[PDB]
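As a plain string of letters, each chain reads:
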Amino acid sequence: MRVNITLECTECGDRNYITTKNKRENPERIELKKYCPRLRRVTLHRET
Amino acid sequence: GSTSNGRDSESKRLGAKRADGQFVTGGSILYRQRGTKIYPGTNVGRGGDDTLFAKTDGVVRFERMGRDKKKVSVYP
Amino acid sequence: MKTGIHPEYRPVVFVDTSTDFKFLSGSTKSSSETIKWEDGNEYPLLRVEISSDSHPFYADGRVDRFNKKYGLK
Amino acid sequence: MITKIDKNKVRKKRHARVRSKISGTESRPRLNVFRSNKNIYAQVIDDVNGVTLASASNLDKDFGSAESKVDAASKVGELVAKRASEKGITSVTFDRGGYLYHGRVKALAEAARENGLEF
Amino acid sequence: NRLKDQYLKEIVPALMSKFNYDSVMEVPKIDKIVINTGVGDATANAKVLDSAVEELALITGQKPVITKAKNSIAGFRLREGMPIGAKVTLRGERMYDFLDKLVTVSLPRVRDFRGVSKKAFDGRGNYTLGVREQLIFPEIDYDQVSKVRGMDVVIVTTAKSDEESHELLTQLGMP
Amino acid sequence: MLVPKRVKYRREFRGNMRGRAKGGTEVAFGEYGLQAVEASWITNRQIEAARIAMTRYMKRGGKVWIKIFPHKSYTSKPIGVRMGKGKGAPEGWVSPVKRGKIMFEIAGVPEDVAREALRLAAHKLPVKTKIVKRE
RNA sequence: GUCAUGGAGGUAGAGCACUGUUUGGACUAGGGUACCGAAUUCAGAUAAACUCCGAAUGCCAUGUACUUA
RNA sequence: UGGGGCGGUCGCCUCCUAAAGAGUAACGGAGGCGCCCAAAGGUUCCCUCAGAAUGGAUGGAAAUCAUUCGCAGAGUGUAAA
RNA sequence: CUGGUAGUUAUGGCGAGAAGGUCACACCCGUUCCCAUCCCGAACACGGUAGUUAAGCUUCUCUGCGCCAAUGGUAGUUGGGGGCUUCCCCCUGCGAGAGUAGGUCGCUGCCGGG
Ligand SMILES: [Mg+2]
Ligand SMILES: [Mg+2]
Ligand SMILES: [Mg+2]
Ligand SMILES: [Mg+2]
Ligand SMILES: [Mg+2]
Ligand SMILES: [Mg+2]
Ligand SMILES: [Mg+2]
Ligand SMILES: [Mg+2]
Ligand SMILES: [Mg+2]
Ligand SMILES: [Mg+2]
Ligand SMILES: [Mg+2]
Ligand SMILES: [Mg+2]
Ligand SMILES: [Mg+2]
Ligand SMILES: [Zn+2]
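Residue numbers (the entry's author numbering), protein chains in the order written: chain 5, 1 to 48; chain Y, 16 to 91; chain 3, 1 to 58, 67 to 81; chain Q, 1 to 119; chain F, 2 to 176; chain O, 1 to 135.
Keep in mind that a hint or two might mislead.
[Claimed, not checked] In the DMTMM-like style, the derived pairs of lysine to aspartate or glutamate whose C-alpha atoms are separated by at most 25 Å in a straight line are:
1. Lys70 (chain Y) / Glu26 (chain Q)
2. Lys29 (chain 3) / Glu140 (chain F)
3. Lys119 (chain F) / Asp163 (chain F)
4. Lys72 (chain O) / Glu105 (chain O)
5. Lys22 (chain 3) / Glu94 (chain F)
6. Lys2 (chain 3) / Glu140 (chain F)
No lab work stands behind these hints: they were computed from the structure.
From just these sequences and the hints, can you work out the full model?
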């Protein structure tokens, strides 16, 4: 139900963050705008 | 013929850590607490778990704010 | 007062069936009838049975013969 | 028999909510605003000493103009900044006073920014 | 504003010299009118919750707003949250026209019209009212309403005691 | 017998009985009363026995007051059980009486039968008492 | 170590201002009059896991004080 | 481990014991945890609870409405402080 | 005399009674626009002064509630010494809680008008 997920840069493709989500509340893939160290700017991240 | 008790936590060493009138270095802890037993005054900030620290070098002075409360301040 | 929520409240005149007094009122329905009431302004009209005619403060079946006879169109 | 909620009392309750985070110091004083149903007042205060430095209001002997009393705040804001600059004040903080930063108080603030006052 | 004409030009002048009020500012006057339904059958009758909402609006014209419970009671298996009742606030000029559909039209229409309670005062200056059948308004359709619910109508006046409060409405007109 | 209807905790400390009585060191309701001179625990059984013997002599004439109540409870262990393995189960209820506390009251009877009734009550209690009167 | 000064901390004691326990009276809006669902009030008690209060000691620190390692 | 065995316990959080700084034991007295939340996080703006009485209602002691009194007698995801 | 704006442990509060006022401040009127209501120009927002001191506000009086508070005595207790040791007594230093004589219907700073 409450699993661990990893977020991936939509441009780079490198996993950068790990969070949690509810499987039966957010069955889709979460998308958040986080900071990407490789590009040194805010880039959209979505779950693998 | 048995007891269901026998459990206790680990003590958290709360209470004051610096005395009134004592010169104190910036960034040092002054009072560890749960909740807000003493409010942060001048040059004093409250941390995540309510520990009052000092922002600048000075002299610790515990002092009384309004009728039913206390605060701690640091004066250069 | 916010736009797009409340139905209309344009004024409509109100009358009786026996005394037939032209009384102003605010309502959302015009009773499919309208009059040039008051000083040259166009106000709809409501018709219903005796209201406040008595209010406990004022034969061929009686109405059986009268209502059916008037119903003859 | 509904009793009416006092206007000033409720405003004073909202006044202290902002006033916790805003206090005027000697170097960076506080600009206060009191709005009345017929006038509007502005004041510059340094709360460390409890002293008023400079002020102006829609009651002075000049700028006589009452164009719906909304642009009168613009004139009032034009005097406090001028008097602050004359007295050597550079930067301040806007004390909303418990009102809403929308209308008359917005216009007063906008005029001060254009003239010699730094926010 | 037909009642307002009497209220502003005929009712009030007969009160200033009647109770020796030191100023017109002490003359009692209407403040607001409210309507409450409290149809609690929405625990299972989901459609009925919104069924009477549009019915209540047509009596006034303003959109009613959904009112939810304040807590949960085990006796009536009530859970916090579900719509329980509706709110309509007649305010402003509306205390001068909506009641005209009452004191002239509504009460004569009821099947057993005899009058209003002379004692139905809260004890401090307000007056309430009750209706037992939901098709009393002049702008209601008999065939369009499937269910009937008991309403609560409250008239709020700035009167300080039940003496003057009764005799403004008595002068305003109803048994 | 006087027992509390319910208690927050079933087990309590034994406590101590040093010092003077905090309150109730004077007669207020009746006109005669038994005053403790020493200090000891008084169970609820001794309260009952000292009361039946106290109203029976009065032939149910006049009102008596009980100025103490057995709030605290005490435990005990069965014979044949070694030390440890928890605490014992509660047995009775006691009222620790420090010296100078009035335990009983008499009113509505003459001088002669008030002193005699108190005398029979005192022989059922484990403390040294004294008959005291109001003013 | 003592002296002067400044502090943090709720123990002993006491108290009913909150929470439990409890005595005797006036008290039964309403259930069918404690049998109360009970509540108001007067007077009087009780507490390690109650506190409107609250010491003696102990502890932390400053001093320019006096003595001593 | 008030001999050993049978029984019970083994890690973390909260209160009392704990003797008014901190710390302090017993197979001493009471309870919880091995999570949850995509908003139950951030920020800006706004306001205030429980309960009781009173009049009207389908609707009753207790559902929703109005007034009055009301320093928390509520609430704070969950146990206690 | 009044309108703003701060400090100060409620001796500053609560309750009660009276006087005052367009110079301020409010109550008040209306909703064209900026903005606004889970509906409601009630509040918020805007536009003004036909009416008003009945409210808020200012001044004046109180001890009814609350708050503050001695002196003396008492409980307790560090140090020393005794007992008949559930505990109790003596000397020196410290010294409450409760109760009470008593005080209280505030004291200071800045700015603008009359
Ligand atoms: Mg702990
Ligand atoms: Mg935090
Ligand atoms: Mg955290
Ligand atoms: Mg105070
Ligand atoms: Mg000292
Ligand atoms: Mg004690
Ligand atoms: Mg200690
Ligand atoms: Mg400790
Ligand atoms: Mg367990
Ligand atoms: Mg004048
Ligand atoms: Mg327009
Ligand atoms: Mg003394
Ligand atoms: Mg004292
Ligand atoms: Zn990237």
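Comparing the hints with the structure gives:
1. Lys70 (chain Y) / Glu26 (chain Q): Judged against 25 Å, a Cα distance of about 21 Å means the pair holds.
2. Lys29 (chain 3) / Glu140 (chain F): holds, 7 Å
3. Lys119 (chain F) / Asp163 (chain F): holds, 11 Å
4. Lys72 (chain O) / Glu105 (chain O): This hinted pair holds, its Cα atoms lying about 23 Å apart.
5. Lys22 (chain 3) / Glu94 (chain F): The hint holds at about 21 Å.
6. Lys2 (chain 3) / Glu140 (chain F): holds, 23 Å
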